[PDB]
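*Asks:* Residues per chain are reported as follows:
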Amino acid sequence: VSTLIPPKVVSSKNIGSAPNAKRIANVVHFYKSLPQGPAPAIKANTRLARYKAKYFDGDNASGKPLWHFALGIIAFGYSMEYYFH
Amino acid sequence: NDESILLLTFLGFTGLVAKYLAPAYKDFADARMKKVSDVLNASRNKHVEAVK
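Protein sequences, first through last, are from chains W and U. Following PDB author numbering, the numbering of the first sequence begins with 1 at its first residue and continues without gaps. Following PDB author numbering, the numbering of the second sequence begins with 53 at its first residue and continues without gaps.
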């Protein structure tokens, strides 16, 4: 008389679990990502990447390039009026 | 010069900005940066749980 066994005939529902979808995602998501890297590209040399590093990083929101660009325009147009217009 | 009076007012304006706004905008930026990081770390925790 019927000796039927559900537990080891569950083996196609043991792939069926929902976090498996997350698992196979995040072994691939974590197959190459650096833990935090060593020191990637925060600073670089484009000779204006150095400018960016001091002023236009997340390291500095300092108002200094704005000031610099402002002062440039003040220097620019006063001489230039007599040269162009 | 006429326009040098205008340049003095502009200097006062940029001073007021550096006084008030540059720290405020720093704080604003800071608040958001924290929030991004916190969401990120939350997801990191979340998947570590699922594995276990």
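Hints may contain errors.
With a straight-line Cα cutoff of 30 Å, these simulated DSSO-like cross-link-like pairs (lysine-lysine) come out [what the hints assert, rightly or not]:
1. U/98 to U/86
2. U/104 to W/22
3. W/22 to W/32
4. U/87 to W/64
5. W/32 to U/78
6. U/86 to U/104
7. W/8 to U/71
8. W/52 to U/71
9. U/78 to W/52
10. U/78 to U/104
11. W/22 to U/86
12. W/32 to W/64
13. U/86 to W/13
Source of the hints: derived by calculation from the structure; they are not laboratory data.
*Asks:* Take the hints in turn and mark each one as holding or not.
*Replies:* Results of checking the hints against the structure:
1. U/98 to U/86: holds, 18 Å
2. U/104 to W/22: holds, 12 Å
3. W/22 to W/32: Holds. Residue 22 of chain W to residue 32 of chain W sits at ~17 Å (cutoff 30 Å).
4. U/87 to W/64: The given pair, whose Cα atoms are some 27 Å apart, holds under the 30 Å limit.
5. W/32 to U/78: Between residue 32 of chain W and residue 78 of chain U the Cα gap is close to 34 Å, so the pair fails against 30 Å, i.e. violated.
6. U/86 to U/104: Measuring from Cα to Cα gives roughly 28 Å; hence the hint holds.
7. W/8 to U/71: violated, 72 Å
8. W/52 to U/71: Holds, at roughly 23 Å.
9. U/78 to W/52: holds, 17 Å
10. U/78 to U/104: violated, 40 Å
11. W/22 to U/86: holds, 26 Å
12. W/32 to W/64: violated, 38 Å
13. U/86 to W/13: Not OK: residue 86 of chain U and residue 13 of chain W at ~41 Å, beyond 30 Å, violated.
The structure is inconsistent with the numbered hints 5, 7, 10, 12, 13, although it conforms to all the rest.
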